[PDB]
Amino acid sequence: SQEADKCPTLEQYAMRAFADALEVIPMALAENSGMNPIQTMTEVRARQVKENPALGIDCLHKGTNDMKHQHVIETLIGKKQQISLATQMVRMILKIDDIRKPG
Amino acid sequence: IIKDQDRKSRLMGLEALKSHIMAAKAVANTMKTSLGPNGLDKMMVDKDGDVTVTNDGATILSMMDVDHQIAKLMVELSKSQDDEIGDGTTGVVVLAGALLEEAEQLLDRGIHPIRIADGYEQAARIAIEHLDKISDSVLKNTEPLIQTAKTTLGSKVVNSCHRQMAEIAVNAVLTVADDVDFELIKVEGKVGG
Amino acid sequence: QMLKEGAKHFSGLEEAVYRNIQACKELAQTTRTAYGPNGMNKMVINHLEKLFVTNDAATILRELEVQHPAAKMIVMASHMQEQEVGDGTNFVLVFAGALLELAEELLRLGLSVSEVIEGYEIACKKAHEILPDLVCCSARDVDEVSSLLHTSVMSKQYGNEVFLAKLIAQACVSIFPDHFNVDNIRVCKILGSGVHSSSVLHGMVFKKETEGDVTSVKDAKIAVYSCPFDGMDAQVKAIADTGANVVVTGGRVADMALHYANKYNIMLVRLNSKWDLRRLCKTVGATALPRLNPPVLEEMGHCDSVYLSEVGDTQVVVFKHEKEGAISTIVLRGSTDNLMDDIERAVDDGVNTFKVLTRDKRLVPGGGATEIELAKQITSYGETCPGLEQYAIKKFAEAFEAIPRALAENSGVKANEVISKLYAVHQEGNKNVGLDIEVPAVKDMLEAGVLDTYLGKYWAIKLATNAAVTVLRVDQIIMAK
Amino acid sequence: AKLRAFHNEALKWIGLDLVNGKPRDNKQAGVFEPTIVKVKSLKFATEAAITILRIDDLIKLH
Amino acid sequence: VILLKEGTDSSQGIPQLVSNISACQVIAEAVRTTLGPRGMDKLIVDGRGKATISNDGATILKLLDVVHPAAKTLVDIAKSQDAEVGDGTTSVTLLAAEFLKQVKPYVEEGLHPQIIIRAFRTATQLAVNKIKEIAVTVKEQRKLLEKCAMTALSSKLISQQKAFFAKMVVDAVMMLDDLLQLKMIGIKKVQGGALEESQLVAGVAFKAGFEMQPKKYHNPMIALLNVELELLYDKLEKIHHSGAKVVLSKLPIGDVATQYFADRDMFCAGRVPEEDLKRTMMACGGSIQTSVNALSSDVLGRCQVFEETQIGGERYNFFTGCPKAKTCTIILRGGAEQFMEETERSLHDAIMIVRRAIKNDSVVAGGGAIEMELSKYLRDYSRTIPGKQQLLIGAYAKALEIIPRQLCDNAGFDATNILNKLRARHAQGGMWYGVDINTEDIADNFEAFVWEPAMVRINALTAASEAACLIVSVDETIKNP
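Residue numbers (this note's numbering), protein chains in the order written: chain A, 198 to 300; chain B, 85 to 277; chain C, 33 to 513; chain D, 3 to 64; chain E, 122 to 602.
Keep in mind the hints are simulated off the structure, nothing from the lab. All the given hints hold, so there is nothing to weed out.
Listed next, the in silico DSBU-like pairs over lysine-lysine satisfying Cα-Cα at most 35 Å (straight line):
id : chain 1 : residue 1 : chain 2 : residue 2
1  : C       : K453      : D       : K4
2  : C       : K239      : E       : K200
3  : B       : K240      : A       : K276
4  : E       : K328      : A       : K276
5  : E       : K519      : E       : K183
6  : B       : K270      : A       : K276
7  : C       : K239      : C       : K250
8  : E       : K222      : D       : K4
9  : C       : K250      : C       : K269
10 : E       : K542      : D       : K40
11 : C       : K221      : C       : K250
12 : C       : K104      : C       : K157
13 : E       : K183      : E       : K600
14 : E       : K193      : A       : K292
15 : B       : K102      : E       : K277
16 : A       : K277      : B       : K126
17 : D       : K24       : C       : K408
18 : B       : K92       : B       : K126
19 : C       : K221      : C       : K253
20 : E       : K480      : E       : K268
21 : B       : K270      : E       : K371
22 : B       : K163      : E       : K171
23 : B       : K224      : E       : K328
24 : E       : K222      : C       : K446
25 : A       : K247      : A       : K265
26 : E       : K277      : B       : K109
27 : C       : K157      : C       : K453
28 : A       : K277      : B       : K217
29 : C       : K239      : C       : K295
30 : A       : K277      : E       : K171
Using the sequences plus the hints, can you model the full thing?
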């Protein structure tokens with residue numbers, strides 16, 4: 198989001214939207230946990246900027262808490278690759294504006 | 085005259101965008117429910133009358149009647165994610181949808197498709213730049229390893245003894261480690277006990 | 033009850049006239065576009081999903097699905113005209129329609145159909161008398177030959193090489209025209225390179241089948257066979273004793289008959305059409321030897337050149353340089369099958385036109401010139417012939433005005449203006465005056481070169497006339513379902 | 003079309019003489035109209051467009 | 122009664138041109154998006170599932186269910202464009218359709234078809250000529266060629282290392298430089314590592330023989346075998362008695378068979394794909410044998426280096442250093458398939474440009490730079506060429522503005538602002554000013570190093586233009602069901 202601002206052009210709104218799409222994963226956690234996705238992100242985004250990103254969403258205690266302490270770590274390749282794959286595919290489809298399929 | 089015969093489907097203009105949006109968003113919303121330890125399981129009963137209670141997206145999409153091209157694509161994302169590392173087969177699915185869910189917005193604003201890919205590309209390239217920044221490079225560290233393994237054996241049927249599975253995983257990888265080769269690891273499976 | 037059974041479409045008097053005339057008009061106008069260098073080809077595709085891109089009216093009608101009685105009469109007019117000289121195939125069509133059109137208008141007024149025919153028939157004989165007097169006799173003579181061949185090559189897709197197709201057809205029809213016959217001309221459509229590569233081979237070309245055999249035989253002793261070479265030694269051995277270094281079998285040849293003919297250094301060719309065998313017997317002097325036991329040395333024709341050329345990348349035997357080669361072969365070359373098709377279609381025409389010369393030197397300045405003249409003459413003739421016929425005669429001529437009308441039509445030039453001008457300048461510049469499409473304006477066809485065959489026009493008027501007349505008489509015809 | 007070619011060859015004084023039907027020298031012919039007419043013609047016609055293009059919606063009601 | 126049966130839909134006059142024009146325009150539009158570096162791919166499905174992602178018009182028009190006459194013609198044009206120069210397939214298909222869009226507003230008014238052909242044919246000629254008068258003839262030289270490579274990779278995902286890749290392209294093109302046959306330069310994409318690892322192999326490389334076998338053997342004596350090496354010792358002995366120290370069995374190799382292979386010191390891989398088997402044949406120069414007993418000394422190819430490295434954990438064999446490596450393999454390494462995929466696409470094109478550089482010298486400013494100029498001059502010639510041709514030629518020039526128009530659209534930039542911004546900068550700078558889509562703004566191609574063979578534009582104009590003339594000429598469509 199902040200980098201989207203440091204770089205104008207129509208790509209600005211794009212980066213912003215991209216970021217908004219990076220909040221779904223968390224929002225979903227709160228969703229599947231039972232807690233209101235919105236009210237959750239409320240405490241998240243807040244407790245996150247204050248105590249570094251080392252804090253996430255504890256679907257077990259319903260709320261925010263330091264993940265590093267809850268021992269909820271995940272390889273970098275997991276997230277890393279995740280963004281990639283999803284990004285690459287979605288991109289392809291975006292370039293698809295016509296499909297003639299006979300039979 | 086008749087360019088395309090019958091039994092087809094031609095998506096032109098915003099028709100192509102829309103279709104994919106509603107088609108993917110849906111498939112993305114389906115898996116999204118099975119995300120996290122609280123993930124909601126699904127039952128995929130094909131036409132043979134066989135039950136399929138799985139929590140993995142790839143296992144759900146591999147049994148879901150996917151006729152739309154867009155949906156099939158989402159099926160190749162979880163399959164690819166599941167054929168490489170496997171873990172998070174759900175994420176990629178939900179993630180892909182979200183992005184598209186947002187994209188549609190920019191589209192209805194008059195923003196051309198190609199452009200949307202651009203921003204999402206630069207942003208992603210930076211998304212990693214940051215994720216690779218906050219990371220805390222793990223240490224032959226017996227402590228962290230056994231931990232990471234337990235974060236993969238959780239919310240599963242092997243969670244009741246994720247400790248034993250992780251222990252074996254660590255030693256197995258540490259032994260054949262030299263750059264670690266997954267081939268030097270023989271997984272013998274037999275009934276009993 | 034019902035006068036006639038079921039499924040029997042009938043038409044009486046005018047009712048029939050309108051239908052017949054109408055159907056003929058649309059059919060005559062359809063091909064009308066295929067006239068002059070502005071000829072707009074058409075794409076007809078039969079059941080077998082076959083695409084035919086031709087400018088020749090006859091080829092069009094003989095490929096179109098016509099079920100209309102009167103309309104079929106037009107297919108006949110174009111058929112005969114195509115069998116007579118070829119050129120003017122569309123001429124008859126359009127004209128035939130115009131006639132019916134002018135005639136129908138006469139009936140609706142109250143005029144008797146009888147008089148119509150009489151007036152038209154009488155004017156048909158008058159014209160056949162005017163043409164021979166006005167015609168411009170030309171000089172054989174390679175100089176005059178190329179002139180007529182040069183005016184018969186244009187108006188087509190191969191107009192880019194009207195100079196080559198002119199000399200090619202000028203050489204062929206000038207090597208064996210005793211009394212020339214369009215059947216002694218074999219045209220081959222070989223793909224590869226532009227038409228500017230077309231060659232003239234003094235003989236007959238085909239495709240051999242054996243390699244080890246003599247690809248280029250000198251004074252060959254051709255032996256045309258028709259009986260299969262299957263069983264093979266005594267058959268091929270009896271061919272080496274006669275001295276036949278070139279075997280042209282009609283049917284298939286056994287592999288053992290090929291290896292033997294391949295060992296005797298005898299160039300063997302299997303799968304030879306029945307016509308290619310006859311053309312090889314009248315070019316080298318070979319005898320159609322049925323069985324493989326009766327052949328001798330007096331049954332072998334002489335062919336000084338029988339080599340294997342791979343022009344365009346396809347093997348072809350060239351039996352050229354004979355004692356009395358009565359049949360030559362036109363080696364056509366095209367970059368595409370499309371261009372190759374059009375070219376050949378026009379080549380044949382020129383072959384017929386040349387055949388018209390060998391039996392008619394006379395020629396007229398085409399492009400509508402002759403038409404306008406006849407119209408002028410015939411019209412005046414009508415005024416000299418009293419009676420209601422004076423109207424029919426003048427109407428007949430008014431039809432000839434449809435030819436130049438179509439000319440300026442396929443060019444986008446206001447007929448009303450070009451016609452009026454044409455006549456005026458024609459009544460002063462005489463016969464020669466015509467219409468030059470390349471440059472919308474009156475011009476001397478004789479000077480422009482545009483010269484058509486007298487005989488080509490002659491038949492046209494007669495055939496078209498008699499035909500149209502017939503379709504007009506049968507004004508009542510149910511059927512018998 | 004012919005007018006354009008003859009309009010940039012024999013200068014301005016080249017218009018269409020409907021009477022004859024060919025690009026003729028109206029200046030030499032005598033065909034002259036007070037420039038004021040041309041001005042008003044354009045001015046009015048122009049303003050006429052701008053207005054209609056300035057219309058996105060209206061309300062006449064019966 | 123009734124000319125044609127209930128099925129012979131007769132479209133004459135104008136209702137024929139129109140229909141054929143509209144469809145052609147729409148078909149072209151379909152591919153009109155696959156134009157440019159960021160084209161819009163099309164996942165063509167064959168009803169049976171198999172989805173094909175293509176960006177080339179030809180491949181697309183050949184995999185689509187075409188059932189329209191005027192439509193099947195477009196497929197021909199694309200095929201005639203793809204088999205002539207290659208790229209521009211989508212262009213020629215779009216232009217031909219567009220040329221039918223600018224004439225339509227004239228037909229509906231009464232503009233005769235033939236006349237229309239005149240201008241169009243006259244314009245194309247005038248345009249083609251200019252291509253030979255405004256074409257910049259450039260120079261070989263590893264220095265220049267490398268430049269022509271960086272310009273082919275720039276403004277792309279590979280631009281990050283276009284410096285290294287550009288070199289590989291030049292060398293790969295220099296090595297096998299005997300009119301460079303793209304069907305000899307292989308590209309091997311394998312995920313694992315970084316683009317900074319990709320190298321150019323003087324032969325081929327495939328994706329073992331035994332754990333620790335001769336990883337890097339000096340001069341190998343390639344021994345290819347189609348049959349499997351399983352039931353054994355009899356076959357292995359035959360390979361040793363031939364001098365074959367390197368064998369590649371297409372099918373799996375016996376467990377024990379592999380043993381005697383590590384004893385006789387002979388590298389031998391099992392389960393070698395058919396395609397790969399052939400590659401090695403065109404690489405080191407080894408002959409493919411089905412049986413192990415048919416393997417002789419004259420069947421053992423030769424290479425300089427043969428190493429087995431684990432590029433990404435998976436051991437890979439390399440076949441570099443061929444006497445006459447007339448079939449190289451560009452080994453590519455990267456993080457994901459995507460990145461690697463794009464890479465295989467950037468290099469592919471890069472090789473093209475470097476190729477056309479050694480061949481045709483006369484080039485031009487791409488990015489629709491030539492179009493903008495042509496459209497300019499053509500408009501001028503309009504004034505010089507009065508009458509019907511005038512207005513037409515102008516519209517013809519207006520059409521050529523579609524190449525740059527859609528060019529910007531295939532990225533997300535406003536076509537208007539750029540088009541106008543181009544005509545301005547073009548009429549001030551030179552015939553080099555085009556549209557750098559990668560930057561969404563005008564720029565000089567001479568400096569932007571954006572060039573393309575003079576042939577390209579030429580092969581497109583004629584072919585594309587003449588096509589329209591066809592649909593225009595044929596003023597009637599009959600089939601006869």
